Amino acid sequence: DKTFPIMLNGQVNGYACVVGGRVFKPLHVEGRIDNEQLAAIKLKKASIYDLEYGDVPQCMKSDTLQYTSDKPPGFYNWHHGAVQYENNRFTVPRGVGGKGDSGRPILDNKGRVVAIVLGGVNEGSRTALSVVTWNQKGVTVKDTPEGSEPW
Amino acid sequence: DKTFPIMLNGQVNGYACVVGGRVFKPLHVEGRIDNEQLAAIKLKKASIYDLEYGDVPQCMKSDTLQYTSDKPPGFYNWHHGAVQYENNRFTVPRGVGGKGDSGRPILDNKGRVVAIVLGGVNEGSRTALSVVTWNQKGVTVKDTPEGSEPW
Amino acid sequence: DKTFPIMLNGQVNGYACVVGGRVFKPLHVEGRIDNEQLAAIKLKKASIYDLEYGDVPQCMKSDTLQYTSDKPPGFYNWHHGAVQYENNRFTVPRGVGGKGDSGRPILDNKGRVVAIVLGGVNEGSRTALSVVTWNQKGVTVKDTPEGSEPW
Amino acid sequence: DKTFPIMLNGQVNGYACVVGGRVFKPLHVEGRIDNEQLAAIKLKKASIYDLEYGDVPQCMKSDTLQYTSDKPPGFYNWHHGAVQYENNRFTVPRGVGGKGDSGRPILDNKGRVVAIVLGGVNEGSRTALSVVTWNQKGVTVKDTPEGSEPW
Amino acid sequence: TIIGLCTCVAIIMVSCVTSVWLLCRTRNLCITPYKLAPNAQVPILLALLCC
Numbered sequence: 001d002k003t004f005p006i007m008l009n010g011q012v013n014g015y016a017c018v019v020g021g022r023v024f025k026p027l028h029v030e031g032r033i034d035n036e037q038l039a040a041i042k043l044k045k046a047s048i049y050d051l052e053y054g055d056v057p058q059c060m061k062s063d064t065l066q067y068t069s070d071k072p073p074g075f076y077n078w079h080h081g082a083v084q085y086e087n088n089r090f091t092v093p094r095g096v097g098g099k100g101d102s103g104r105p106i107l108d109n110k111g112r113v114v115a116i117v118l119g120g121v122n123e124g125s126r127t128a129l130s131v132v133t134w135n136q137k138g139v140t141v142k143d144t145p146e147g148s149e150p151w
Numbered sequence: 001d002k003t004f005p006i007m008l009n010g011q012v013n014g015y016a017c018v019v020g021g022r023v024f025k026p027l028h029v030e031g032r033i034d035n036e037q038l039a040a041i042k043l044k045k046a047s048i049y050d051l052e053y054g055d056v057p058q059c060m061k062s063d064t065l066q067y068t069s070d071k072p073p074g075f076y077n078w079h080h081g082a083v084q085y086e087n088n089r090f091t092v093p094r095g096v097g098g099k100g101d102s103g104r105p106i107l108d109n110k111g112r113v114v115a116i117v118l119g120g121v122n123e124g125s126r127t128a129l130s131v132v133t134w135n136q137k138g139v140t141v142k143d144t145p146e147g148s149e150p151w
Numbered sequence: 001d002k003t004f005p006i007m008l009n010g011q012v013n014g015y016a017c018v019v020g021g022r023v024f025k026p027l028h029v030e031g032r033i034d035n036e037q038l039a040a041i042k043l044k045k046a047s048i049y050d051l052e053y054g055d056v057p058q059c060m061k062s063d064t065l066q067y068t069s070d071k072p073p074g075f076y077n078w079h080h081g082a083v084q085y086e087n088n089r090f091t092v093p094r095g096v097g098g099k100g101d102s103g104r105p106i107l108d109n110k111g112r113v114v115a116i117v118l119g120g121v122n123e124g125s126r127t128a129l130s131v132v133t134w135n136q137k138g139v140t141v142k143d144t145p146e147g148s149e150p151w
Numbered sequence: 001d002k003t004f005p006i007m008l009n010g011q012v013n014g015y016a017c018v019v020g021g022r023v024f025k026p027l028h029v030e031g032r033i034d035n036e037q038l039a040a041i042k043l044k045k046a047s048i049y050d051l052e053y054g055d056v057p058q059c060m061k062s063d064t065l066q067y068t069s070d071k072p073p074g075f076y077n078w079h080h081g082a083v084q085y086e087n088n089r090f091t092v093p094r095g096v097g098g099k100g101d102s103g104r105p106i107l108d109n110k111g112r113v114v115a116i117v118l119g120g121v122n123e124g125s126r127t128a129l130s131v132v133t134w135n136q137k138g139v140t141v142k143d144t145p146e147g148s149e150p151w
Numbered sequence: 364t365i366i367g368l369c370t371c372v373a374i375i376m377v378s379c380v381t382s383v384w385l386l387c388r389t390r391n392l393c394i395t396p397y398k399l400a401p402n403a404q405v406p407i408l409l410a411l412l413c414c
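In order, the protein sequences belong to chains C, L, I, F and E. Just so you know, the deposited numbering puts 92 at position 92 of the first sequence, and the rest follows in order with no gaps. Just so you know, the deposited numbering puts 24 at position 24 of the second sequence, and the rest follows in order with no gaps. Just so you know, the deposited numbering puts 15 at position 15 of the third sequence, and the rest follows in order with no gaps. Just so you know, the deposited numbering puts 32 at position 32 of the fourth sequence, and the rest follows in order with no gaps. For the deposited numbering, count along the fifth sequence from 1 and bump the result up by 363.
Rather than coming from a laboratory, the hints here were simulated on the basis of the structure. Beta carbons: idealized from backbone N, C-alpha and C, even for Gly. Treat the hints loosely; a few may be bogus.
Some but not every residue of chain F turned toward chain E, in silico, with C-beta under 10 Å [as the list claims (entries may be wrong)]:
hint, residue
1, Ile-41
2, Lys-44
3, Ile-48
4, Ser-69
5, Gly-138
Let's have the full structure, built from the sequences with the hints guiding it.
What follows is the structure in C-alpha cells.
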C-alpha cells in the first residue's frame, strides 16, 4: 500500500500518499497517519500549495508511486473509480467523493500518479476537483475550481 | 435541454444557447428565456458579435455544449437539417432556414458547437448563413455574407 | 382554446371569450383572465352593455369565434347543452345555469356566437338569460328579461 | 391536498399546512405557497411558535386537517415515514428529514395532526424533531429539543 | 414653563405609548397560544385579564 489514512479521533479526515519519494498530506487534514513510519516525519509547510511534505526513510523508499506531468485528455483512475480529465480539469460524477477524500492520488493507465486531490466543486451533474498537478515542464502547480471546499 | 427558446409575445423568435458554460443569446432576439434560472441572470452585451451573454447557474456549468474552433471542410447539423461548410461559408439547402432559428448553434459530428447562426441570405441554390464562429486562433469572430437579414 | 375563464382568487367567476377579433369580458366580473397573451391587453369599457373589450393580438386574430345576427326559432347550444330561443329570449331549464356562467357564449348549430350570457331570471319552467346579442340589423343590444341577476 | 409546498426560486423551501380552517407556514421560510387560493392570504406572525398563521377561504375550510392533542406513547405518521413518540419527544431515524422539510405535519393513527415540524436535532443514530404541538390542556406549545436547528 | 410643559407632554406620550404597546404586546402573546388551538379550555379568567 502507498496510501495511508490520517485520523485524529479514529475517524478519517484525509489521506497521505508517497509520490516520487515524498510524503504528501494537505495542510487542513488533522490527525496522525496510521503508519507510524510516516507519522514520525517532520513535514514542511507548503502554504503555497496547501501541502505538507517530507522525506521518506530509506527503509520505505520502495513504497513509492511514480508521478508524471504527461496528462493528455482522457480518463484516469482513483480510489472511487474513473476520473474524466479535459481542458486541464479533473472531474468526477456527482456523488463520487466528498469530505474525507483529500490527499488521494489520481493515476493514469500506467500506474503513475498525475494529481493529488485537495477539494472540489459540485458543477451540476459532475464534480470538479481541486488538485495539485505538474505543468508541461514538470513544475508543481495548484488547480482550484472556483468555490472549492477543502475535503 | 441545452438550447432554450426565446419568447416575446408568446411565440418563439430565437434561441439562447448554453455553450462552454455560458449563455449566448442574439441581441436582435427580444424576449425572456424559457428557463427561470437562465432568465434570472443579468447579461452582458457584445454588439460587435450581435449577441448578449452571461454566466450560467452553478448547476448548468457542466450541462453545457463544448465548442471547437476547428471546422474543416465537411458537413455539420442543426435543428433545421444538415449544414454544409465550404470555402469558409456555412451553406444550407434553400428554404431550410428562416425567422426564429437565430441563436441555434451548428454542431459537428462530435456534438461540439462550431458556430452560432444569426441570419442568412437566399442565393438561389442554397442559403448562406450569418454566424458567430471562431477563427484558427480560437478568437470569436462574426462571419456574415453581404446583405444578410437578421433572423 | 377560444374561451378563457376569469379568475379572481384562484376560482372561476366568469369567462372571457374571443369573438370576431375582440376579447369580451363581463364588466361586473372582476379578476384576471386565465391566459398569458390575452391578459396583457388594455380593455375598453362598454358598461351600457356590461362588457369590456379589446383587440386580439396578431397571433390570435385568426383563431377566434364568428358570430351571426340570424336567430331563427329553434334550439341553440352553449357549454351546458341546449338553449331554447323563443319569444325573442334565450332560456335554459331551471337549474342549468347559475352564478359563474358570466361571459359564456351561446352557439348555433354551426358553432357561431349568437349571444353572450351575463345573467338570468328563473321562470316557471326555464331560466331566462340576460345576454348581449345583435338585433335584426346586427347592432349590439342588451337582451335582458325582467329582474335578471348578474351571474 | 392537505399540505402545500412553498416555492422561493422554483425549488420547494418548505411546506404550509391547513389545520382546523387555519393555514400555517414556517416563519423563517420565504417564498410563495404553490396554491392560488392560499398564495393570496395575508398571514399573521407568531414569534412564540416560529410560524405564521391565518384563515383560509370558505371553500377550503370544509376539508382541513383535524387538530388533536391526544398524544399517547407510540408511533405517529408523517410524510417520510413513521415517527416515534416517547418521553414527550418526537424522533425519527437518522437520515430521514432535512433542509426543505420544514412545516410538514405529523399525524396519529386516526388521521389527526399532532405537530408541525419546524426543525430537528441530528444525533448519532436518531433525530429529534423541533415541532409545535399542544400540551395536556390543549394550549399551543413549541417543542425544541436541545440542539434543534430550523429546517 | 414652556420647556417644562413640553417635557411633561413628551414624557407622557413616550410612557403612554410604551405602556399601551406592552399591553398590546401582552394580549398578542397571551392570546396567541389559544388562537392556534380552537379546541382549548380558554379559561374565563383569560377573557378578563388579557382582553
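Here's how the hints hold up against the structure:
no. : hint    : result
1   : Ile-41  : violated (15 Å)
2   : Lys-44  : holds (9 Å)
3   : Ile-48  : holds (6 Å)
4   : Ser-69  : holds (7 Å)
5   : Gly-138 : holds (4 Å)
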